[PDB]
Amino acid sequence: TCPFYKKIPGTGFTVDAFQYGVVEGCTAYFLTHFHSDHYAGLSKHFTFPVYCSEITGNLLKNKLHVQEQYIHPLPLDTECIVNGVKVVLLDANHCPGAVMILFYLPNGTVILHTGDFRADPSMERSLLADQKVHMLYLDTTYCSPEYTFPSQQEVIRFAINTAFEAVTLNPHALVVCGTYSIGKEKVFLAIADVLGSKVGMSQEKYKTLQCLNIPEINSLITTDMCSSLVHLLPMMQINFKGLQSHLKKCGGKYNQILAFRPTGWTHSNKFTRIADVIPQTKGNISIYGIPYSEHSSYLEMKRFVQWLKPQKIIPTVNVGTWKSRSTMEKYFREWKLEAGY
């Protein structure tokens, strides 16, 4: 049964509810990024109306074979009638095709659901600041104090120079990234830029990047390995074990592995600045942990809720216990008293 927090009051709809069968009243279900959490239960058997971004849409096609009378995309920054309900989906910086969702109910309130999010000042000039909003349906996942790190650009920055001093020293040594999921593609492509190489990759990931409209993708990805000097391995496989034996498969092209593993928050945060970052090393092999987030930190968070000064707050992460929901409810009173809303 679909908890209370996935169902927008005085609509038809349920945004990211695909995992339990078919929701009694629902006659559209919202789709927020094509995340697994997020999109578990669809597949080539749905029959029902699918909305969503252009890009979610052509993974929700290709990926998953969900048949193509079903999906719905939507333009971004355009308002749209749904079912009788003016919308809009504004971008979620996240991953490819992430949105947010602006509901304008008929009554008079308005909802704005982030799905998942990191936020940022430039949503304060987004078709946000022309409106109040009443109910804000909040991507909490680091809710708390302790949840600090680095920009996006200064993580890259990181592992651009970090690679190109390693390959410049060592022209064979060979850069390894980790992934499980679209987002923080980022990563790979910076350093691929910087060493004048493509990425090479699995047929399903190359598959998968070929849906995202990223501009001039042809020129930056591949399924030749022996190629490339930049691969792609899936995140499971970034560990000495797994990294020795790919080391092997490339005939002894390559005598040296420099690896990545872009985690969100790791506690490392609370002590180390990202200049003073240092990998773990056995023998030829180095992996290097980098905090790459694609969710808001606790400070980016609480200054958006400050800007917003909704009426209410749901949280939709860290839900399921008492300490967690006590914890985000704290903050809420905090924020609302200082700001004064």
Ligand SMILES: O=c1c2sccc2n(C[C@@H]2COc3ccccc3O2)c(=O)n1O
Second form
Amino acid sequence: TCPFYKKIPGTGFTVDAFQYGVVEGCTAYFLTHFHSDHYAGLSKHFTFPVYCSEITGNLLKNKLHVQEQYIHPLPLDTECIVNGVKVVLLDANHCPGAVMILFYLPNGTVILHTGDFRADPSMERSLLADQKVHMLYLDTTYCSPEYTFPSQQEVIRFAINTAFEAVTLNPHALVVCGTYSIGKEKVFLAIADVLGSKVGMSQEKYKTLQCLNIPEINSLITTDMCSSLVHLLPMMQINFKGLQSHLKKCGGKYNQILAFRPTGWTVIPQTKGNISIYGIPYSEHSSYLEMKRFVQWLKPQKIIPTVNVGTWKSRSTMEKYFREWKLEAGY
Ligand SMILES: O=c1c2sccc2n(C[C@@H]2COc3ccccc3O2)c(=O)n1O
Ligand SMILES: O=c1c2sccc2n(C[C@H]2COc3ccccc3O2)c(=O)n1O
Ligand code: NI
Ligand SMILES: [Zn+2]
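Provide the structure of the form deposited with the ligand bound, given the form solved without the ligand shown above.
Whole complex next, starting from this chain.
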């Protein structure tokens, strides 16, 4: 059955609820972003209205083959009405097309659903700053104080320097970036840019990137694997066995592979010869401190976690931090 934290009280709206069949009473199915854990169950056979960002709409149409008639894209930072309810979509600082949703209920209740997000101080200078938020449906992925990771700017700097130094030393080295979900494009795009290269990838991945409305995307990506010094591979192929196999397929060129595995929370590489694999802490979710700062700024009356809610221990642990944040901030 559809869980309580995927339903919007006082409306017939659900959020990221496509793996429970037809949810009783639901008139509009919202999709925060095009990540599999969240669109799970959506297919070409889905027959109900889906509300989402323009970018997510492109991906629904072109990758999932959802009929255009059920896809209702909405602009960002724009007040819109859906089934009689005022809503606003805000950038979630997650992956391309990912949004947070502000629901303005008729009774004056304001609900913010963060989808997946990486909290940032720029959100404290947005449409959120105006009205009060009574319920917060919160991406609690890393709601534990051990979850610290650097800024995205810091991780990109390490990746760029690592890649530039390795290829300037060895002009015949190959850089590979593991990708699965959309998101974290800055990793391979920044590496390619500093190497004066395009990023080669499979046709299915090129098609995915073409849906993302990235400025000047045809100037940085290509399907011609041979021509590029940066290759995208499925993340499950980012291993010594796969990188050796991929090493041979490049017409015997490239005598070295430098690979990046962009993992959120776990730097030296695992090296088996001419192959090195860097796990880099590029996250598109809030760290604990970023999450805590956002919530203490927003001062919501009620928090509904949407992540790690499946065990009583995790729910109890998150409620403790919520109380600590509320006591410390005085709301
Ligand atoms: O919906 C998901 C799902 S479903 C299964 C995995 C995920 N992840 C990746 C997880 C997030 O939490 C993590 C904590 C520690 C290490 C890796 C992690 O990776 C996610 O980041 N999101 O958003
Ligand atoms: O934000 C994310 C991220 S970040 C990295 C992966 C994801 N996923 C995909 C899910 C399902 O597939 C996965 C496979 C491997 C690791 C995590 C996964 O999580 C997601 O569904 N969301 O929403
Ligand atoms: Ni996600
Ligand atoms: Zn997720």
